[PDB]
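2 protein chains.
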Amino acid sequence: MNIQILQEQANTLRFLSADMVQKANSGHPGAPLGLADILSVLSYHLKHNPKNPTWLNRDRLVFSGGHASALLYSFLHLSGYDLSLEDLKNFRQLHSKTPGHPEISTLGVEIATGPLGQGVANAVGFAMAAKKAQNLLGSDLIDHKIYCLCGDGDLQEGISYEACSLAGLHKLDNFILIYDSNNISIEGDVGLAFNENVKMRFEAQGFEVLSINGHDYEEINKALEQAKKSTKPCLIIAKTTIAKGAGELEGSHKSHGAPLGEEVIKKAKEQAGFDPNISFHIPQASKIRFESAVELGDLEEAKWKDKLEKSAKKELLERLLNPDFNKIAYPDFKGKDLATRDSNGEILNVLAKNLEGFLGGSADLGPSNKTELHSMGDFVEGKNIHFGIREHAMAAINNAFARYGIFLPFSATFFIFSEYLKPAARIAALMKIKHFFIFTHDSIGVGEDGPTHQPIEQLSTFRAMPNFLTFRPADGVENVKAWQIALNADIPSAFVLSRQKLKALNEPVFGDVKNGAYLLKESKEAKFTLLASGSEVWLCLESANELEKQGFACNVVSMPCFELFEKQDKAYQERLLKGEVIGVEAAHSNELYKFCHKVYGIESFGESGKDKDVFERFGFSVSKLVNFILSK
Amino acid sequence: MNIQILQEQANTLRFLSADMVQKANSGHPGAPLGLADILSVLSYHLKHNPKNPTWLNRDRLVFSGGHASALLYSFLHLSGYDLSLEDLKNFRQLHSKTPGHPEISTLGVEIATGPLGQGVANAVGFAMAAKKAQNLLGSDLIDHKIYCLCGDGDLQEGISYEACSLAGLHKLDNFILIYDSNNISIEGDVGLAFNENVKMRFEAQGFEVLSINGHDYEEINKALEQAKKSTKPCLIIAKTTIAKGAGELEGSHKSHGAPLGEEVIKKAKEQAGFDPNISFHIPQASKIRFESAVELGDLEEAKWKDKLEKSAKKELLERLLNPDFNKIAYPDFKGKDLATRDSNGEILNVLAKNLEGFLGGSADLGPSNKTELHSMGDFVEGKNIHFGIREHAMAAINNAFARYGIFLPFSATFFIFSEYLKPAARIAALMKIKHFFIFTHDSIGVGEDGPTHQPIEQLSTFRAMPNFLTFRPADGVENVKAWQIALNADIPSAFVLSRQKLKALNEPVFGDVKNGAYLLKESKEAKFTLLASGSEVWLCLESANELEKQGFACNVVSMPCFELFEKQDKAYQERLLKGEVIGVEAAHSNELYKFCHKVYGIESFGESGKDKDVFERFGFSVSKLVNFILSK
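Just so you know, the sequences run in chain order A and B.
What the first sequence shows, in full-length UniProt numbering, is residues 1 to 632, in sequence order.
What the second sequence shows, in full-length UniProt numbering, is residues 1 to 632, in sequence order.
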C-alpha cells in the first residue's frame, strides 16, 4: 500500500462509477467520487472471499446510501466477485445484475439498501448478530468487523439514532461506521436542515469518534487501524468533497443524482492521467492489486476452516445451517379456548427450544405480546432481545440477523405499531428473507386504550405488500399450522394475533390452513357463505347456525391467510364460495371483495371502551350480522 | 405558592387519577402519580384560559405519553375546563369525554397523543408554528411557551431525535421538554435497553439541560423559572418515582399499566391525610387554588385582546382565521400534457400566494417533489420549510401546525416514503385536521431507481385508512379539482402524483372529480367499463378506442378518488359501471374489486429499468390490456 497505487485504485473506482452512470444516463455519481479514496484504503483492511460470499466469518460491508451502488458494483467487479464488466455496462437496465439500488440477488451484496437510514440499522444488526454468533461458536470462530458507509440522509433519519443507541448499549466493538460528511443534501447545503454536534451525539451513545480528511490516504488508513482496536462502536467522520475529481462539479449538490456529463468526465480523466477517450478502463497495476483479494480471501477462509475443524462447535454449526423444521412437536391446542397471543407465545417457546438459531424480541412490549422465551436468558448470553421502544430499528436489525447466516429472528409489537416498522418489513419482503413478525392486539378488541391503539387499516397494508404471508389465526391449531407453513415458505410472514380470548374451532370439513381459506361448515345448495378470519370466525359460525335455524343453508369459511387463498385453483375456490358470499372482519378490508359479494367490516376509527361494548358498537353480534345478511 | 398547598394539590391530582383508573378497572396510574408534583408546580406557570381553549397566545401543553390521560383530565377538570366530575367517573368508557388516550374532541386537549414519540415532535411543531406566528403577527402578540411532558418510550423513538434535531437548529427558545426519568419501562428497568448520556445527547442538538428531583417543589419551580429564560430549547430531566405515594407499588413497573388496587389506594390516601373511604375527592384549598385559573386566564386573555386591538395586525389575523378558498384562481391546465408533480407544484404556488397561512415543505426532496414556493423565502421569515431527511417528524410537526390556529400545512416526500410518516398521518386522520400530504413518484414509472423506490402497496394503505381522501389525478385539471375538494373537506387529503409526463384528458361526459369517479367515455349498451386512476387513464382510453374498433362498446371511468366514489349513490355508480368492469392501476390494489369484476394491476415488487421498459414488463400496453379484457 502506497500513495501512487492508491491514487490509481481510487481513480479506477471513480471512472468506472462515472462511466456506468453516464452510459445509463441515470444514477448517482457524486458520492462514488467522494467515497473512492476511502474505499480504496478500506480494500486493504476488508477480510472477504470474493469466490465465497457466504463465508461466515467474513467482514460485512454495508452501503447504507444504496444510491452509491455504482461504487459498490465497481468494487465487487474489481475484487473478483461474480459481476462482470458487461454487467457494469448494464447498470440500471431492466433485468441486469446492476440495479439502481443494491439487491441481494447480486452476489456480494450483503443486504438490500436504498431507503435512507435502513443500512445503518442493518449494520448494527450484523454487529449484534456477530456478537451472538461469537457467544454460540466462540471468539476463535467469530471475530470479524462490520463496516458501514453512510451519509447525511442516513444520520438524519430516526432509525439511525435508534440503532446506534443499541450499538452503544451492547458495546459493539466490531462496528465501524464511516460517515461521508460532504456538506450537501438534495436541497443544498446540509446546514439548511442540520447542525448537530455529531461527535457529541455519538459519544452520548457510547461511540468512539474519529474525524479525518476523507481524501488523505494516510489519515484514512490511520483511522481504520485505530477504529479496529476500539473498545466501543466507532464512528469515523470523513470530510469529503462530493464529486471529488470532477472539476466544476466538485462540491455541487447537482452531482448527487444526475450524470456528470461527457465533457466533465473527459476533463476529470485528463486531470487524473487517464485517457479521456476510453470508458470502462481498468489500468494494470490497479487490476492486479484489486484482484489479489481472490488469493488473499481464499487463504483467509482456508485458515478459518482449519479453526472450525479443530473446534468443538462443528455439529452445532451444522445444526444452525440445516435446521430441521419437520421434527418439531408443537403444542396441541385442539379444543382449547385462548387468545392467539397466548397460543403464539407457547409456539415461540417450542421453536426456541428446538432451534438453536431461533431468537428475537419485542419493542418493549414483551409482557403484552407474550414473547418471553422462558428461562432462555437475555442477549447476548441468551435468546431474548430487549429492543426498547424502537420498532423500526428492531425490524431493520432483525433483517440483518436473517441475513447473517445462522439465525431465525422474530420482531414483535402491537399490530398498530407495525406502521412504525413497515419500511423495514418491506425490505424483508423485497429480499424474501426468513424473518417473522409478531403483531398482537389486532383489533378494536383492544378496548379501552381506544382508537390510537386499535388497528383498522393494517391488515390491508400487509396483504397488499408483495412477498409476505399475513396469518390471522382463529385458534391455536390454526396458529400452529401457520407456523409450519411460515418455516417452509420462501418469504417472510406476519402473525396477527388477538389480545382477547377466542373460541377453539372444530376440525376442517374440506381444505386446511395450507390453502389459505378452508371450509368449517358445508351445506348442500348453500345460499350464503360467511368468510372470516381470526376473532370473527366464531361470530360467523354462530350466525350460520342461526341462519340454518331460520331455513337458510350456509357455508362457513375460515381464511387465516388471504395471500395463500389467492394461489388456490378455481375448483378449490368455487367449492368454498357458494351463493352470496359475505366477508366478516374487524378491519377496513376492502380487499375481501376479491372473494366476497358483501363485506361486513369497520370503515371508521375505533372507540375507547370495554371490548364487548366496542364490538357491539361496531356491529359484531349475531343479531346484527344476520340482519345484514338477510338485507333487513 | 407554598409546600403545604402544593402537596395537597399534587395529592388531589394523584387520587383523582388513581380513582379514575380504579373505577374503570383499566388504565395507567403510575405515571400520573410520578408526575403529580411537577404538574402542580407547572399549574402556577401555565398561561391559559380554561373558558377559551382557542386563545391563540395560550401556552400549549402536550402530554406525549398519552397513557397519562387520567392526570391530564384531572388537571383540566380542576382548572375549570368543560370536563366534569361525572366525565372523570366515565374514564375509558364507551362514548365518554375521557377516552384512554387524549382526543381533541375533549376541550383543552391540544393534540391527540398515544403512539409514543409523536407528542414530542408535535410539541416541536407547536414551537415552530409559534415562531412563524411571531414572524407574521409580531412578538407583541405571540410570546407563549410550549410545554411537553415525555417519558422513556418517547425518547427512544426515532421521531423524538428527529424533531429535537430541528428544535436545536431553529433555536426554539419557546420549547420546554420535561422528561419523566423514572428508571422503568414495560419490560422492567430502563437499563435493559437504554443507557445514553441524555444530557450530552440533547446538548449535541442545541438544548440547555437541567436535572432535578421531580418530587421537590422548590427544585421544580427553580427549573421552570430557569427554563423560561433559556436562549435554547430546554430539557428538564426530572428524576421521579413511578407510582410515587403508592407505598408497595412505588418504583414498580407493574404500576405503569394496571390499576393500583383498592387496598393500595386506601393506604396511599391514609399516608397523605386523605379519607381512604371516599373517592373523587377535591379538598377545598386545592379546589379554590386550581379553579383560580379561570379568573387568571380571563384576565390574561383580556390583556392580550387589548394588544391585538392596538396592533397593525388585526386584518391579517382575520384573514388567517377566515381563509377564502372560493376566490382562488387556479392554473388552467386544460389540454396541457404534464407530470402531475408539476401541475401540483404550480398549484402549491398559487395557494401560497393566495393564503397567508399556507406553507410547508419536503423531507429533503423539494427539487424532485416540485414543492418550492418560488420567491416566498425560507422559514422562519418565509414559507418554505426544510425538514431534512425526517419524514416522520415532518408529518408530526405539521400535525401541530394544523392545530396551532392559523396555518394550512403541507408535508411532501416520495410516495414510497409515505411509509416512514404513516403513523403521524394516522393521527391527522384521527383528528380530522386540515393537513395536506404531497406524494410524488407514485409508481413503477419511477424507473431506474428500482423496486425500493417504486410504490406498490401504498395506495391500498391510504385508501384503507379512515378519514383520508387519496387523490390520484390523471391530469392538471383533475389536480385542481382535487385541491378544491380538499380545501373544503373536513378530513386530510393525500395527493398521489407522477414523476413522468401524463396526457391531458378530454372533458367529463357525466359526473366529475367531486364524485370520486366519473365517465370520460360512455357508450350505449357498453360491454366493458375500463376504470383507472392517474397514469393509467390514458392507457384505458387508448384501449377502449381499440376495443371499439374491434366491435366492443366501452365506458371509460376516471377515478381520481376511491373514497369519494364509495360515497356516491347506487344510481350514479350503476350509470358508470356497465358490463364487465376492469380496474387498471399500476399498484397492487385489490380494493378495486369493490367496483370491478377484474383488476389489472401489479402483484410483485418492481424492477430497475427505464420507465417505458418497466411499464411494458408489467403489462401496461394497449395490446396486453386488450388481450386481457378479451380473455385471450
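To be clear, the hints were calculated from the coordinates, so they are not data collected in a lab.
Certain hints may be false.
The list cannot tell twin chains apart, which means a pair is met if one copy fits it or any two copies do.
In the DSS-like style, the derived pairs of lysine-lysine whose C-alpha atoms are separated by at most 25 Å in a straight line are [what the hints assert, rightly or not]: (1) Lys514 <-> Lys266; (2) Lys171 <-> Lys549; (3) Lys47 <-> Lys313; (4) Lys353 <-> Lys578; (5) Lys501 <-> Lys254; (6) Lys336 <-> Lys310; (7) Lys610 <-> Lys97; (8) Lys598 <-> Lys310; (9) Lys89 <-> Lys612; (10) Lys570 <-> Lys632; (11) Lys222 <-> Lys313; (12) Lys23 <-> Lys612; (13) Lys570 <-> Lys594; (14) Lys567 <-> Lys598; (15) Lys503 <-> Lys89; (16) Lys232 <-> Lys51; (17) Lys434 <-> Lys229; (18) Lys624 <-> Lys570; (19) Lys578 <-> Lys594; (20) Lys503 <-> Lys232.
Right, here's what the structure says about each hint:
1. Taking the shortest Cα distances, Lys514 and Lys266 never come within 25 Å of each other, neither inside one copy (60 Å) nor across copies (55 Å).
2. Taking the shortest Cα distances, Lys171 and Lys549 never come within 25 Å of each other, neither inside one copy (66 Å) nor across copies (71 Å).
3. Taking identical chains as interchangeable, the C-alpha atoms of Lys47 and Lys313 lie at most 25 Å apart only when both belong to the same chain, with a minimum of 22 Å there against 67 Å between chains.
4. Taking the shortest alpha-carbon separations for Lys353 and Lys578, neither the intra-copy value of 43 Å nor the inter-copy value of 58 Å comes in at or below 25 Å.
5. Taking the shortest Cα distances, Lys501 and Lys254 sit within 25 Å of each other only across copies (22 Å), while inside one copy they are farther apart (58 Å).
6. For the homomeric pair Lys336 and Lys310, neither the shortest alpha-carbon distance inside one copy (49 Å) nor that between copies (74 Å) is at most 25 Å.
7. Taking the closest pair of Cα atoms, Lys610 and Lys97 come within 25 Å of each other only across two copies (15 Å); inside a single copy the shortest separation is 55 Å, beyond that limit.
8. Taking identical chains as interchangeable, the C-alpha atoms of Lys598 and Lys310 are never at most 25 Å apart, the minima being 65 Å within one chain and 62 Å between chains.
9. Proximity of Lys89 and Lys612 under a CA criterion of 25 Å is satisfied inter-copy only: 19 Å between copies versus 63 Å inside one chain copy.
10. For a Cα distance limit of 25 Å, the shortest separation of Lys570 from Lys632 across copies, 18 Å, qualifies, whereas the shortest one inside one copy, 32 Å, does not.
11. In this assembly of identical chains, the alpha carbons of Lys222 and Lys313 never lie at most 25 Å apart, being 36 Å within a copy and 61 Å across copies at closest.
12. Taking the shortest alpha-carbon separations for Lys23 and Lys612, only the inter-copy value of 17 Å comes in at or below 25 Å, while the best intra-copy value is 63 Å.
13. When the C-alpha separation of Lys570 and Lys594 is checked against a cutoff of 25 Å, the pair qualifies both within a copy, at 13 Å, and between copies, at 20 Å.
14. Taking the shortest alpha-carbon separations for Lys567 and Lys598, both the intra-copy value of 21 Å and the inter-copy value of 16 Å come in at or below 25 Å.
15. In the homo-oligomer, the alpha carbons of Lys503 and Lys89 never lie at most 25 Å apart, since the shortest distance is 60 Å inside one protomer and 33 Å across protomers.
16. Taking the shortest Cα distances, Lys232 and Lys51 never come within 25 Å of each other, neither inside one copy (31 Å) nor across copies (55 Å).
17. In this homomeric assembly, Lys434 and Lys229 never come within 25 Å of each other (Cα to Cα): the closest approach is 33 Å inside a single copy and 54 Å across copies.
18. With identical chains, the CA atoms of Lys624 and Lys570 are at most 25 Å apart between copies only, with a shortest distance of 23 Å across copies and 32 Å within one.
19. For the homomeric pair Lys578 and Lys594, the shortest alpha-carbon distances inside one copy (14 Å) and between copies (18 Å) are both at most 25 Å.
20. Within a single copy, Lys503 and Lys232 get their C-alpha atoms no closer than 51 Å, and across copies no closer than 57 Å, so neither meets the 25 Å cut-off.
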